[PDB]
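Only one protein chain is missing from this complex, and each of the others stays in its spot.
The letters A, B and C name the chains in turn, as written, and every chain counts its residues from 1.
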Amino acid sequence: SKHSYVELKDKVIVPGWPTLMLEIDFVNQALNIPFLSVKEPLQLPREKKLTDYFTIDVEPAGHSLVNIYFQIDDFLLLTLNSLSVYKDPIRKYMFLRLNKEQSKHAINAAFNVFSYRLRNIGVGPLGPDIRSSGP
Amino acid sequence: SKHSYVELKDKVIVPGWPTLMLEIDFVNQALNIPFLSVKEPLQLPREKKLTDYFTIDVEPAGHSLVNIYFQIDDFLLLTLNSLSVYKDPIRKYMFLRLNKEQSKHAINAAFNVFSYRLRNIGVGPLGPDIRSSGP
Amino acid sequence: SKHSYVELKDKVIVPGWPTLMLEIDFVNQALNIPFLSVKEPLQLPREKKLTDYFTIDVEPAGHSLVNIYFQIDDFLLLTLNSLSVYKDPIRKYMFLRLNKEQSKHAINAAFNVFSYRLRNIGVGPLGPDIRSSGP
Partner (left out) sequence: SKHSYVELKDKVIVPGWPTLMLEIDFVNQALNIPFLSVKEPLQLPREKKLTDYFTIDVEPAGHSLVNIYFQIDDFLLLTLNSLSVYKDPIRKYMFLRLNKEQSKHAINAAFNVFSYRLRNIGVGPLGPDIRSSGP
């Protein structure tokens, strides 16, 4: 059956919360993207690798604008939704847009992806106040 | 007779398809641009070079915004339209806009072009699904 | 009590006036931001350091867009408002937006901040005329 690749909008990143970063290596060309804001650091089951539940696709959408496509298996998308700060946003088929700044890196690397991992990034000293004190 | 240089809009790049890249060398300054999405890799006839049917022009259009102009001969523009994913878009007289990120490279190189080639770039692992599964 | 982190909009920078720069060091990754336009260079009291009245927080707000959060104590926010060119803009709880160009630097450094100082930057030769001759 047909399935929409749903956009992982910027709202899945909420300031003042810990976030997990999507690190991508290309050929020497890097890419670091705030993937999702979480309320607990992700742990892939003991000896299992990220490659099992998660596969990415870096593809051009214009003359200098690139997208990243995601294939997220049940076990990860259930873990990710439970760790997420914003209401369960992660779908099985997803994509996020790279801005013209980042897109250049992916194009200069001919969209070829060598390796990719998710890493837990901590929060700042004012973090506690940032989240609790909203407009 | 007068002739409009038609804009090669970003829609001629459709994600999940193989694409050919316009590689430009300047002086040491590079430029890599997704030129057109194709459904078969381009082959210039055996021993003939790209210089014969295709000549480019890098020109400024503002204070930090540059354009690239194209002169495409019959043989190439017929081949390109047949390989294209989107409905026959390529005209004899064309131009595409570089964003402020890329424009800087062309300006820093004083618009001088040393060499330029078209290269066939493959598709990702999720590629098959990307094209077939549209919004 | 609840408190809004008020945005330090770009209007607090008025051309033709001396400005103080927020210099941030990350890990080797730098950041230089025009913080506030002043009409007298700031001096932290003799032997006291900036760390006492001023603490920053670098946090992501999207997939490639970062914010900087400020905790400004009474003594500094009173000094800063008095030195400011624009009407007393500085609040106790503040934030300013980094553009996609700068945000990339903060993300590539994993939001980690090593050191940060405020520095007084002089005005140009036409400066006197710039401020006095407004549209």
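Convention: a residue touches a chain if its C-beta (ideal position, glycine included) is under 8 Å from a C-beta of that chain, and two chains touch if they have at least 3 such contacts.
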Contact partner of the left-out chain, one of C:4, C:32 or C:115: C:32
Can you name the residues of chain B that touch the chain not displayed here? 2-5, 55-65, 67, 69, 71, 93, 100-101, 104, 107-108, 110-111, 113
Touching residues of chain C against the unshown chain: what are they? 8, 10, 13, 15-16, 19, 21, 30, 32-35, 96-102, 121, 123-127, 129-130, 133, 135
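In this text, only the chains that are shown with their structure count from here on.
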Can you work out the whole-Å distance between the CA centroids of chain A and chain B? 30
Between chain C and chain B, distance of the C-alpha-averaged centres to the nearest whole Å: 42
